[PDB]
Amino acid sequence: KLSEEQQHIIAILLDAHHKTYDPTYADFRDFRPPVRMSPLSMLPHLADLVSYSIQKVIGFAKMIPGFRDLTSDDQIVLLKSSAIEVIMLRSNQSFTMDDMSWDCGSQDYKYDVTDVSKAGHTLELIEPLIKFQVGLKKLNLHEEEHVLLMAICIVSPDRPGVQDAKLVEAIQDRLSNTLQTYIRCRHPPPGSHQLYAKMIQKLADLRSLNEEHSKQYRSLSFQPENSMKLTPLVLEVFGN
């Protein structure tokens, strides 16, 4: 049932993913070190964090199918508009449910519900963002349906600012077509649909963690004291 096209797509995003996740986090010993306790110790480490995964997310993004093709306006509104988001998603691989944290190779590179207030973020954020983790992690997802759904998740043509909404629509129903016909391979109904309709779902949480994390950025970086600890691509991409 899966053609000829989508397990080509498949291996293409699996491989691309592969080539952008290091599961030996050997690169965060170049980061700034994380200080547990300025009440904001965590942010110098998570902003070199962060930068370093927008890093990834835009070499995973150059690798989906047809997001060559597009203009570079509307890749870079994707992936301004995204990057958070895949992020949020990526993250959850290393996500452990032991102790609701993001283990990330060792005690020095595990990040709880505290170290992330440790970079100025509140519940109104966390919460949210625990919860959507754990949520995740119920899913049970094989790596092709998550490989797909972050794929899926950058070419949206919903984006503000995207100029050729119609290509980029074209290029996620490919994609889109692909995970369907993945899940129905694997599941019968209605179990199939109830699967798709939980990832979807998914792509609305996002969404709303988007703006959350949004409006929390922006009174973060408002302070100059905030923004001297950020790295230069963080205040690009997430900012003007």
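What we label the rigid core is the largest C-alpha set whose atoms superpose within 1.5 Å from one form to the other. Numbering follows the first chain given and starts at 1. What changes on going to the form deposited in another entry:
- Superposing the two forms on their core leaves just one of 187, 62, 29, 198 with a Cα displacement of at least 2 Å between these two forms, namely 187.
Moving from the form deposited in one PDB entry to the form deposited in another entry:
What comes next is one chain alone, with no partners or other molecules.
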């Protein structure tokens, strides 16, 4: 029941993802080094990770069918509000339930609860984030479903400041109808049972995680000593 327009969308989002997410993590060496000892010892490294990942999210987003047809202003608001969410989503790819960590190929670039808690953010964020990663992993999404969810999350009609919501909604619905049809045609049961409803629920989980991150960013940002450890892009995207 997948239309050729729908199959074209899947094709585009898979390539867009493949072009902006390097599964070998080679670029992690360009980051300020990780420090495992020290309350902000991991901040430099993870700030660089986040900042790098913001760029990659933008690159993926520009390739979303219809995104280009949005105003510059609407592209800005959507990316500013979705960045940390898509970072959490795309991170599920390296997250492993084996030891509850983000395993990016090597021990230097393998981040657990202890590491992630040495960057100025509290368990109020980290605990439900890890829970989120586990709950997302268990959905065992097809990569097709994975890239559709990231794109749907980015093109959300209800983000603060969106001007032409209806168009944003038109774009998202096409992605949504692609996701729902894909699940019907390509995802065998029981893995498919209620899967769309479950993925859309992860988008609600992400709002909650976004809100809490926003709170904790404001806190830490209020100490220039901490803001100094970030990057210009991170400062511009999460608030300046």
